[PDB]
Each structure stands twice: as C-alpha cells, then as structure tokens.
Amino acid sequence: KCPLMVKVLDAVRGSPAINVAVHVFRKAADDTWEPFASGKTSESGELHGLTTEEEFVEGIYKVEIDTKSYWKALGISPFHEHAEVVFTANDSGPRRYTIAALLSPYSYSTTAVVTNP
Amino acid sequence: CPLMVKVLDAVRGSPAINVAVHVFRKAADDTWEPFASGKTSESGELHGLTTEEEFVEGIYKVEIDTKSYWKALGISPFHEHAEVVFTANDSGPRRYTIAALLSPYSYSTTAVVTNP
Amino acid sequence: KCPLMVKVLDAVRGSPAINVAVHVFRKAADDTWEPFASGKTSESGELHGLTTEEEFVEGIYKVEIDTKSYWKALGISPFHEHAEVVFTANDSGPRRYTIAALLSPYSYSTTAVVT
Amino acid sequence: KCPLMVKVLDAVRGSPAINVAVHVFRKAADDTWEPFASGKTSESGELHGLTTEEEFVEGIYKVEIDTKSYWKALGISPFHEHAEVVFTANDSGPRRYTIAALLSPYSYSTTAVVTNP
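Residue numbers (my numbering), protein chains in the order written: chain A, 863 to 979; chain B, 92 to 207; chain C, 3 to 117; chain D, 863 to 979.
Bound-form chain A, shown alone:
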C-alpha cells in the first residue's frame, strides 16, 4: 500500500484504536510545518493510503496523534494533548515507513518499523 502507515492501539480497552485523528506535517524551508496530509484511523486500527510514493519525498516529517479526542470520547482524562512523532525520511532510497503507537491515559509508547521494498 502506501509507503507511510500508522497503527494505534489502546491499552485500557485492549482493542485497536478507532476514529483517531492523525495529521502529517512536512518540513518547509522557513522551518515551518505544512499540512502534508490528514486522515482518520479505521476501525481496524490502521491507516492506509496516507501518502503516494511519488508525492512522498526526502524531507523531515512530523506525525501528530490526537490523544485527547480518543480519551475525551471514551471519557478518560488524558495527560498529553497529543503525541508527536518527527523523523527524517528517505535518507537512502524509497524505503517504506510504518508508525506504531500504544496509548494509555498517562503514557504512550511509539515505535517505527522500517522495511526496504
């Protein structure tokens, strides 16, 4: 599918995160983040087709996950406003990037698995 993938899981429910707001930002020469892409996590807990391979380029991107929206809907008070993931992309070749995050009311753990297709 798309080179960029996002998966989110909630510890409290033990079920994949559904209806999650994720925003992708792209670096600019003015040191400002531009709204590269936005999407909503599916009921399966993953987001596919976020960015086309050709559109995806060599840049520093920022990925933000809206922690409050999921926790406010569930009714649990969240400590973090959002989870922010920033990294460089395509240092050498058009390698695919998968972003995985684990959510909790007062903590979160994120990991990225990198594959070369």
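Since the hints were made in silico from the structure, they are not lab data.
Watch out, some of these pointers could steer you wrong.
Unchecked claim - Derived DSS-like pairs (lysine-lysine); straight-line CA-CA distance at most 25 Å:
#	chain 1	residue 1	chain 2	residue 2
1	B	117	B	162
2	C	64	B	117
3	C	29	B	158
4	B	152	C	29
We have chain A; now place chains B, C and D onto it with these hints.
Just chains B, C and D, lined up with the frame of chain A:
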C-alpha cells in the same frame, strides 16, 4: 539495598500501592525455591527484599501480582502476573532494580543494573 | 486466521525479529506446564498457524520468547533470560488473541490485542 | 520539592541516560512556544531544580528530549529526530510533575506521574 522493585500505574498516573512481589531462586531440580515476598509501599517501590550477603548468583524470577492489584481497582486485567527472569551477578556483585509500568492488557518491564 | 498469533519486533534494529523461538505451554491440575506448541519467527516476525481453534481451549497459557537466544545470535547480551506472557484464554467465550512483544536488550514490552 | 522532574533511561544499556538535553517551552497568547528552562541530564539520569514553585504556572508546557544528540555520542543511528511531551499544567492547582522517558534507537516510551502536595 541490593534489589529494588519500582512499579508504576499508567491509568492512574500514580505509583502502584501494595502490589504483591514474589522472588524465586533456581534449584538443582529445575524448580523455583521461594526467596522473598513483600508488598509495595506508598512511594510504589519495595526495598529490602534481599541482602547482599544472602543475595547470590543464580537464575531468579520476580513475580508481580498484577491481577491481584488491578482487580482490586475494579477492572478485569489480561495478564495473570508479570515474570522477570534473569541471571543475577553473572560477573561480580551488582545492584539490580526492576521497573514495571503496568496497564490493563499491556505492560512493560525495564531493569537497571549498577556495578557498585 | 489463526486463533493465536505472536508479533515480535526488534526496536534495536528497527526491523522485525527473524528466527525467534516461541513456545506455548498449558496449565495442568498438577500446577505443571505442558508444552502446547513451538515455532520459529518468520521474516515478517509474525507467527500464524501455531495453534488451531479446535485444540485451543479455555485455560491458562504461558507464551515464552527466547530473547536470550536471539540477542546472543546478534551478539548483544540481554538482561532477561526470556519473556513469559501468562494469561487466561476464553474466560467469557471464543476470542482471538494477538500477542505483541517489543524487544530490547535490557527491557521489553508486552501488548495483547483481542479480536 | 521539585514541581517538574525528568528521568530518562536507555533500553540498550539499562543505565541512566547521561548528558541528555532537555528543553521546556511555554505557550504564549499567539500560539507560539516561548522557551522557559533547559538543562542537561545528570549522571543519575534525573533533573532537579528546573522550575521554581512560584515561577511554574498554569499555562501549557512542552518538554523536548534530544534523543538524536544522545545517540550521536553513542554512535547509533536513531530513527526519531527528538521526543516531545506536551501537556496542560496546573489544571486545578499546584502539583508535582515527573516525566519519565525510556529511549531506544527506533522506539521510545514516555510516562507521567503526578504527586499531590
């Protein structure tokens, strides 16, 4: 303080209070011989479970009663307990501390070793 | 889809762990673990077909991951001898259990997804 | 004691992360991050005396951890550029905030524990 166990709660965002801690030791018969047991304090860390002279090289298993603690808080957990097995003092005496961040249906364990 | 699946990731390299020994046990009335199944992690790092729904029944199952063997092969000495995931299966009814274990030399994180 | 404390640990070595850059920001009226305080992680891996009780305010704050700089000294190529923790401070009243971060080359986990004085 040869061995320390620090336990933290994710949902409450506060250190876990009175989590059952069980420490075992390996035997020649491939059976665990109970070493020590305790309950966590208010700060969440239980200390003094072992003494350096008594603390000896071997394969030790540390059990944390996650089910007993979290069920008391009133929601059903997934893991029956957490087992942290590890050889102790492979090369000389060292200070071992175990950190376990608890959550329903998921947990993470991290250990910090200190040579002196 | 297999009733039980195990996904193992190596945060150190950032790529899924390959050739990881995964052992499954069963609780007995004598408080003794009986080997249920064993396998080796594939290239994708996920194990499928390790158990069948017919054999898979309610009980207390322990999943072992040979972290010490894997990290020794890569040349890194790990703190934990292995990872044990003890849980109760089908307490209420038939459910699909997925085990996710993120590995590290001196730490690990276990996460379960229920379908 | 200290209203804001930060503890950082490395999963690769199982030791406190020494000489790690920590940066604290505060929200302004124009939605611009204004630097508040910054320090280097000590040998024990914890920061003490970063915010004063009077100076610490009820605004929004951000804590940034320079994971990439730490890995460069070790010599391991990291995935993430840095780790950022964004949270509302003093929603109700004075509080003691402790931020704990576990670092890995391609993943990290952050947890927050609060003490009521």
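Structure-based check of each hint:
1. 117(B) <-> 162(B): 30 Å, violated
2. 64(C) <-> 117(B): The hint holds at about 19 Å.
3. 29(C) <-> 158(B): 17 Å, holds
4. 152(B) <-> 29(C): 18 Å, holds
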